[PDB]
Structures are given as C-alpha cells and as structure tokens.
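Okay, here we've got a single chain as structure tokens, the form solved without its partner chain, with questions on binding and movement later.
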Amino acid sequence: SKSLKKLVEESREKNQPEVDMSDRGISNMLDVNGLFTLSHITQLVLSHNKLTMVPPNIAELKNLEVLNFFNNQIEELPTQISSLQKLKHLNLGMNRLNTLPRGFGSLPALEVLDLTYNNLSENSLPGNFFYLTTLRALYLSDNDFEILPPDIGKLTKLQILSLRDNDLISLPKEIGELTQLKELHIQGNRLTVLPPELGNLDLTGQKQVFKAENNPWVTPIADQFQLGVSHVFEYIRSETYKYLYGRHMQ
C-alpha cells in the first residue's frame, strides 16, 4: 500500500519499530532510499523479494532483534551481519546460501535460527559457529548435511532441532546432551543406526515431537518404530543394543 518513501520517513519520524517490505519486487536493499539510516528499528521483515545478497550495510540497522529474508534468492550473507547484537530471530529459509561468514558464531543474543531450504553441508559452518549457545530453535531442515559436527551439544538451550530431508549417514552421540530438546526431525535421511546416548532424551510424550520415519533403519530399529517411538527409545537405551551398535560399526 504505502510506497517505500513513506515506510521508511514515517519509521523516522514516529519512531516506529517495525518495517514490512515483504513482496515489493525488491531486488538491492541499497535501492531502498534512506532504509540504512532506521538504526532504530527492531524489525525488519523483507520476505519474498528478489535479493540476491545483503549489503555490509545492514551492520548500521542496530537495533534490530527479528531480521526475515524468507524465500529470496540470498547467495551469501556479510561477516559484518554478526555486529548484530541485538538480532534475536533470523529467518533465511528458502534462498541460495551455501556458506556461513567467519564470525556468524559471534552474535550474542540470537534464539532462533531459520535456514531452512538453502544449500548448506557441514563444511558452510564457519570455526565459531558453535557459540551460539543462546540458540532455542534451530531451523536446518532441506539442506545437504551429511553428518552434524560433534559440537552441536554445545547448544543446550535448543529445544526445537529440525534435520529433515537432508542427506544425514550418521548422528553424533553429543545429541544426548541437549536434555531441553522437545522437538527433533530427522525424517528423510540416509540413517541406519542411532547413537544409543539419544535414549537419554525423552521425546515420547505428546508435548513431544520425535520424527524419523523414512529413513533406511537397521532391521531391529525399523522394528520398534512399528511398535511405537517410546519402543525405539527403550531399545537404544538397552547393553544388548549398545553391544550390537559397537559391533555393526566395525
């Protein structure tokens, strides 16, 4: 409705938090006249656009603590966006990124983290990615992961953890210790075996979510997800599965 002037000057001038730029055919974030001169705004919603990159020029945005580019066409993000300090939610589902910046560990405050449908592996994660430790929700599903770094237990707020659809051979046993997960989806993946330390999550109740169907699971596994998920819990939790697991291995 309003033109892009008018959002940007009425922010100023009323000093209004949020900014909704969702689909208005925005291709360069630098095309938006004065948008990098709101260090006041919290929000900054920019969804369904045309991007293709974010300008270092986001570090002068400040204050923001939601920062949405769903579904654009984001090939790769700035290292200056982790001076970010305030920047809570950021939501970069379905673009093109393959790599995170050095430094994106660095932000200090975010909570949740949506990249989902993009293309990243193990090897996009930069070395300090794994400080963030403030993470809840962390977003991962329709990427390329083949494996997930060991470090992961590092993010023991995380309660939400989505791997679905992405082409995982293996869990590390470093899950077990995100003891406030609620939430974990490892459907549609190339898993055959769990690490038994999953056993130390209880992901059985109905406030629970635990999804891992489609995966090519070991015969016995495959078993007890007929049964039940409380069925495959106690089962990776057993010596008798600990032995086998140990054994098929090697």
Contents of the next structure:
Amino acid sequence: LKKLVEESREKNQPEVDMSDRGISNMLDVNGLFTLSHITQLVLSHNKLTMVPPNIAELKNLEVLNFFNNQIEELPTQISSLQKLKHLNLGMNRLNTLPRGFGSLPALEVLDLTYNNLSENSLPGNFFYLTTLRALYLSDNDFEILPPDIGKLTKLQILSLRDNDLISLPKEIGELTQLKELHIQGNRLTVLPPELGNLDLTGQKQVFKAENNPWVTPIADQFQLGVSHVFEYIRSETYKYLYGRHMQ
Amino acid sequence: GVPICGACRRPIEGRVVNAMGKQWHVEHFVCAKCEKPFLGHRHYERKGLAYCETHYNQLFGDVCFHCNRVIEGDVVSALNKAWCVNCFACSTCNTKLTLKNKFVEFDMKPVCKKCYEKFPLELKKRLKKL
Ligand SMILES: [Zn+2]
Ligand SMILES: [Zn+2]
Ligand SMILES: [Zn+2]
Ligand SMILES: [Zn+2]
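Let me have the form solved in complex with its partner chain next, following on from the form solved without its partner chain.
Let us now look at the entire complex, which starts with that chain.
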C-alpha cells in the first residue's frame, strides 16, 4: 500500500487501483489523502466499514468505487466532491445516506445496488441530483418510490430490480430520457397509465418486469410483447380499470 | 493532364470540386446515405466517406457510457450501450476491457469474471433463474 502512493505523484498517475488489498481503513493507507491530483480511486472488494471525512481532500475525484465493502455510513463531506461523476456504492451495508447527499453537482452515475436502502434512507435533497443519467437501486428494500423521481429529468437508466415496491409513481412518465427500466422481482400489480408516455420498445432500450404479481390482462399483454403492454396501458378501458383498482 | 473524378472514374472538363484528397465532379460528390449532392455545402468525413449535416449526426452520434462524450474513435457496442476503446472497463473494478474478454451482464452492465466470482452466492443463484 506504501508503493502505490509514492509512485502516483512523481509519475502523475490520475487513476489509482487498490482493489482487493485487504484494506479495512483508508487512514491505514499510507499517504493516501495527500494525492489531491488523482481523478479515479478504486477501493472495491476490501473490508471498509466506514469512509472518513478526509475523502473531501481528494477534490479532483471523478470516479469513486467502493463496491463490495461493509460500509455502514458515509460522511457529509462525501457531497463536497465537485468533480465527481461516477459513484459506486454497490454491495455494502448502507441503510441511510448522509445529510445533504444530493448536493453533488456533477454526479451522472449512481450505483446503490445490493444494500439495505428504503425510501426513508434518502435525504430531503436527494433528488437535487438532476445531473444523474443512471441510477441503480437494485436489490434493496424500497416499498414506495418517491414522486420526486420525476425531477431527475436527465435519467436514462433506472433500476428498481428486486425491491419491495407495491406501486410505481406516475412521475416516472416525466423521465423523457429513459432508455432502461428495471422493475423485476417486486410486488407491482398495476402500472400507471402515464408510463405510456414513454417508449421503451427500441432495440437499444430495455424494459424488464418479470416476477411481479401483475393483473391478468397486463400479464397477457406481456405475453404478447412490450409494445402491446405500452399500447394497452394507454387505452381508455385500462384507464377506467386503473381507476377502479385505485378506488 | 486534367483531374479525374473518383466516383465514376471519368475525366472532368468543367468545375472541379476538391475533397478528401480526391477530385470530384460536382454532381457526383454525394452523401453515402441520401444520394443528394453537396454542391458547395460542407461535408463530413468519416473513415473515408462524406455525409451531409444531419446524416452524420444520425449515424456517428454514439455516446460513450463512461465519459458521456461523443465517440470519435472506434466504438465498442455491448449490452444496448456504447463505449470508447479507452473507456470500456468493468463496472465493479474499473479494469479496462475488450469484447474479447469474458464479462457478465448485470442489469445491463459489464462485470469482469473475477468480480462476478466475488459476488454473493444467493445473488448468483437468483441471477441464474432470471
Ligand atoms: Zn464524375
Ligand atoms: Zn445525407
Ligand atoms: Zn469515453
Ligand atoms: Zn471487475
């Protein structure tokens, strides 16, 4: 660990890879927080249980990867990374996000796959992250997805695979940039008609929605195809049916 | 003697257009998509051919998933997405990759073999069934 730090500043390596190095504490990484010049830091597959506020000193980080650790909480300072574009917090033990986490001004890709997160885990300003184009919330404990999801207008990818969702917010229909929507393995029974305003039938687009207790006609339309689903959820009969299901 | 067209391969006598090193008849200097001539309008070179303003935007506007910029070099197409040659890497360890590498699809993201080997057992067992 004392060899990847000394070599990085004299030869000016912008990317640092310390994956699978048995690191349990970033402070034990000799001279790590003096590398203010780095733009990418990979600490995946280690034994971190927390992230120190010293992470704020690495102000030029553009890619930050904490995949597969045991991180239980994050410092507020995590939102001070002005140049941060990619943040991978996948496969950890997070059930909360720090205060003002949504203050990240340049975040494009946020991966929160496989944690212990629900809607209550999100801070009030979480949906200030309007620069996001990819948000992965797969394998979590979301029962209800907040309507403010509609505020992420630049979102192209949204994954809610294997959660505890009983319903989808209609505000998802406001995501005009969406290419991928992953909602398999939930407890969804009906789809909001507003979703019909979107079109995910393209060859470059993705709509996976298996393993859900869909109502019979929706299941039939799925057996027919995605185009048939989107065409069906736009229909008047289905609007009336939806209105009856809500009441 | 006189410059010769590179499209129909015949001598010119009148107006000589000059583009991409080769000379061109004005009516024979055309876009590769729509057979419309440029006739003075700006062309857009791409690996040897030229296109009009819109077609080039349509068929060369692949955007890198990593750096979120328009790819100028060779494009790597995988999992309904595109990467730059120097940007394509594992989504879990950021190790550079090629299509000749054996990665797995995870929510339409590339994951290197080693990383997927490091995945939890229940997750992999559930992913088998998907
Ligand atoms: Zn000619
Ligand atoms: Zn054209
Ligand atoms: Zn790129
Ligand atoms: Zn990997």
